[PDB]
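Below, each chain spelled out in residue letters.
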Amino acid sequence: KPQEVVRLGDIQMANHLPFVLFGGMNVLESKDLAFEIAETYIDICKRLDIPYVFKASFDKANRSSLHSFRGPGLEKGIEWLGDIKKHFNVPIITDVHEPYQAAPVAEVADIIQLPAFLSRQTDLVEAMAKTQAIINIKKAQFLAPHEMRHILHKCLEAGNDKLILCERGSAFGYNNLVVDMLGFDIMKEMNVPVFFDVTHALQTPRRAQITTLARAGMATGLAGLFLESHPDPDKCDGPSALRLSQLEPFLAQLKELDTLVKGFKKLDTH
Amino acid sequence: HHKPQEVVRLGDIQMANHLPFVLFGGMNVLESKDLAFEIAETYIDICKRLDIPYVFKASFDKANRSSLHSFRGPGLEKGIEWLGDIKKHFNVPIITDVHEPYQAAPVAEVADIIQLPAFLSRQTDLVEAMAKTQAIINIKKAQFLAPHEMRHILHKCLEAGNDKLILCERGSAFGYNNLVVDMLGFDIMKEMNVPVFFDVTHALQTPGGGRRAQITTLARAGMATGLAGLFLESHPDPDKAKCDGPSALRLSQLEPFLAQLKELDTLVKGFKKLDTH
Amino acid sequence: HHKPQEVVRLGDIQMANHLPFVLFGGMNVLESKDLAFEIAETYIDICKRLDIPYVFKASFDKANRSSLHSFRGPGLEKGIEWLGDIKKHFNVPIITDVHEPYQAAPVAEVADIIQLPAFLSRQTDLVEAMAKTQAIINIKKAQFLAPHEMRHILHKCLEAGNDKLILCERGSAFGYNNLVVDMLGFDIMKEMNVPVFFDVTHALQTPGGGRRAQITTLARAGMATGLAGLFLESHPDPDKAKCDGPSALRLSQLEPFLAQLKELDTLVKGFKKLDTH
Amino acid sequence: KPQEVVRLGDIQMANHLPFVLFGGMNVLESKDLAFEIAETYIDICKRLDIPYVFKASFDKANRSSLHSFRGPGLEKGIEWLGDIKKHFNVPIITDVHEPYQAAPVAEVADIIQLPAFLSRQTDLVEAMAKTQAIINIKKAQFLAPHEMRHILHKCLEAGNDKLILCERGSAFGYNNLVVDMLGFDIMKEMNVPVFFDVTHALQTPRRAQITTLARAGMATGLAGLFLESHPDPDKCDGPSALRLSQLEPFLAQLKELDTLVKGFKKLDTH
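Residue numbers (the entry's author numbering), protein chains in the order written: chain B, 5 to 209, 219 to 247, 250 to 285; chain A, 3 to 211, 218 to 285; chain A', 3 to 211, 218 to 285; chain B', 5 to 209, 219 to 247, 250 to 285. A prime marks a further copy of an entry chain.
Derived by calculation from the structure, the hints in this document are not laboratory data.
Wrong hints could be hidden among the right ones.
Within a straight-line C-alpha distance of at most 27 Å, the following computed DSS-like cross-link-like pairs (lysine-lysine) qualify [claimed, not checked]: (1) A:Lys5 - B:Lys270; (2) B:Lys134 - A:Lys5; (3) A:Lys277 - B:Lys280; (4) B':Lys280 - A':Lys270; (5) A':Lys50 - B':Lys277; (6) B:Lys80 - B:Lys64; (7) B:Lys80 - B':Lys134; (8) B:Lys281 - A:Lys50; (9) A':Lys64 - A:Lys5; (10) B:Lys5 - B':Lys64; (11) A':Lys281 - B':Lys277; (12) A:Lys280 - B:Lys277; (13) B':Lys134 - A':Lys270.
My request is simple: use the sequences and hints to build the entire structure.
This is the structure in structure tokens:
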């Protein structure tokens, strides 16, 4: 069985508890931008009292072209992640793209993220589970909610019970995602923390719509939110990045909605 | 005669996307005169104590059932009589759906809001005959139409001289025998500057494929986007409802359901709007 | 009165999934009496030389256009006159669509096959009034209905006493503003033991989103599954067709298009059936 | 630019040419079953005059459970593939799951297959392209047809021009695939050989329906077909495996349809 309340030192993540923020940037553009963005997140989450985990990729492994910017790479990113972790004493979450990378990533990262497209790749899942870090499972665009249980079951079989499921939209026809809010209940009924990646659910593979979608998801009662920002969204996924100057009022509303929704008695309408 | 009304008024009631949400609530079909009175009384009392504006909803005819022999309700003449009886006895406004152009004028005598069914929303003669009555028009968004396509149906209503128009979401076809609600679609319909409603009841359907246990989660998600109102069907015993019982809310649970949505709506309508363009 | 006819007969013509394919072909709407005569003559000559059974198709009314002012065609009285004129002059059978229950009986005087529009395929009064006329019924499969759901519409037609029934594929909603044809859906409808047709013209649509250049590939794929017939709209100048011009086949290309499909059909209908269960 | 006609020694693959068969089994169950199945394919394709490439995976890398049968693995499969290749003098096609495997797989395999879920992973694509074998691109369930160009463009940027696109269905709602036959024209208009994997397009993640679907796809005019069989479909993907005793009449019909369709003058209906 998976852990219903996933603990990370001081932080407790669960669908009935105050929501936790996995927040940061899409990719490590530079040391100075990462430090600036982290400082902005930590300060805001401290004043709003939202538990916080810093998020950034060391590699964009699945871009369209071989020449697209991929980031600092494994060696430099893991080194840079430690710099952010040691200076601020903040947890780290990043994604893992090849099985061998799991253990070296686990030294620095408190939560290791399983990318959507790779969530079925057994070698990557087994290697990630072995490190014993928390595992954030990105729900694939092509998988139905009930299919999440097998990814949990494979993780449990591989000896890891610190598991989080993260919604990021479902394929809706061509070049378009929809978020089925009814899917949140199905995943919550698996008794794991459930997160919503609002940033990547806007994609039309809609920055003005991030507020609408985050509210709808968090109104269902979720363990946390996954969010990316940038001071000037115009090096990767800029159309989905939230203008960093808008972070605090955005988080403040979500904090208030969550508080209302988390205090509701669950209602059985069977 | 070009623009629709951003605020739709019905006596004391005001419907708009920035205003407190309004409930179109009742039952799927007029199963009997006595049950309709009981259901209306129950909605009216709950909405008064919770302070939620209310319009009673019930169909007089199920025009699109699976079989020729399926239960259809009282029909036009008797159904209009029951709706008027409810309206006069309770002093409550009425919404019901219209299926043929000739039904439009007699239904509008009793119904303050006349509903355009999803499958029929493009049928020009029905849309025109409905527009002519000058009643409020509730447009059900078809399972197969994208949000931006609602603009043409508004224009057709406006062309026929009616500007009291509401758009009501009820799910989109998602593969076979399944609906999904695209919450991003609400913003597109609101930018048309008409009141936009959410029919949570029919957005649960798995047509030809119930999900009654998920109604609260879905209604919370929709109303958190900030909408003009909610469309809802209930029944004292949904297993025996004469149509769409699998999606009906247990009447005994109406009050705690609405109570949560009332506070959520108040919270959301009170947020400062945020420019993220 | 329980079972539908596996072989649907119309004088000399026989329609069934194991028989040579039949063409329901013509134009989207009766744009004018003269153009309808020209188009009918062109189909009839080509089908005779290629030896393809033929039914002339044209709508007398576009009942579901975007605007109240969009071109709708001649309407009921005049359209029925033009269809009868074509029928008597050319000695050709007629298929046209029916939009309201009262239109069913007068249309059936002239039309040998009456067509049930997709959006209306569940409307009980229309289905019954159509069934009563005892004409052949062409059922358009709605963009939002799964194949197995056609069984209920057949049953409703049978309940109302008509067993001359055809199912016609025309695409399924695939996300927003897009249709896909599920070729596996053809087998499900054929196992209902009725003739199954393919409306390749409307399966190209990108509704609210043309694909005229892909019509041959799509028609070949469908007819390779082994079908009772094809539904097709053409126009001498598709850019100026009064409705659905983006999906119309250029009339000058009708003969090479049909010639390929004729040989493909003959090949496929002559294959030994194979049990892979 | 990619090669419009992809050559493999004696075999020529192109959308206007006689269709080529990539045929075999889902997974290498055992040496005896693989030898028996290959013998049956080679004999039938010889008598029907259909050019043939033998297909089998050495690993099922993306199964639901860690304990599901995965096959002989890399070392044994590459060794076993050589046994099939040397005895019969038949080309080999198999799929590659991790970047390092590309070069060792390329020694034995004439065509290396890019799995659908991984088609966007740059490290795997680059490593596969480097080996200079033919690359069969499985079109992801979540990608639209026009998106195939980037996978070609990345391959060309990586110095490989022997490219094949292979359709295998698109996500249609939950747990269901549909094959959009209009997508074949879009991929053919990219001037590469286009194949149809009918076996995996039946999936409802329908054995009696394989005949219907293969005919519809091949009626559009394709460079080839991808097909899996098993003597008793009841160790992997058995619901989609064709009963081996039915192979020859199935192929005979497709040979006849292809001949008709390939002789049609292309018709411009713009």
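We went through each hint and held it up to the structure:
no. : hint                  : verdict
1   : A:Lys5 - B:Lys270     : 38 Å, violated
2   : B:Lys134 - A:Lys5     : 62 Å, violated
3   : A:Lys277 - B:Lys280   : 22 Å, holds
4   : B':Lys280 - A':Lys270 : 14 Å, holds
5   : A':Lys50 - B':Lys277  : 26 Å, holds
6   : B:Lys80 - B:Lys64     : 14 Å, holds
7   : B:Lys80 - B':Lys134   : 26 Å, holds
8   : B:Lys281 - A:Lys50    : 24 Å, holds
9   : A':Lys64 - A:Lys5     : 26 Å, holds
10  : B:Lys5 - B':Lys64     : 26 Å, holds
11  : A':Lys281 - B':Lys277 : 23 Å, holds
12  : A:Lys280 - B:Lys277   : 22 Å, holds
13  : B':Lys134 - A':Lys270 : 47 Å, violated
This entry does not satisfy hints 1, 2, 13, going by the numbered hints stated previously.
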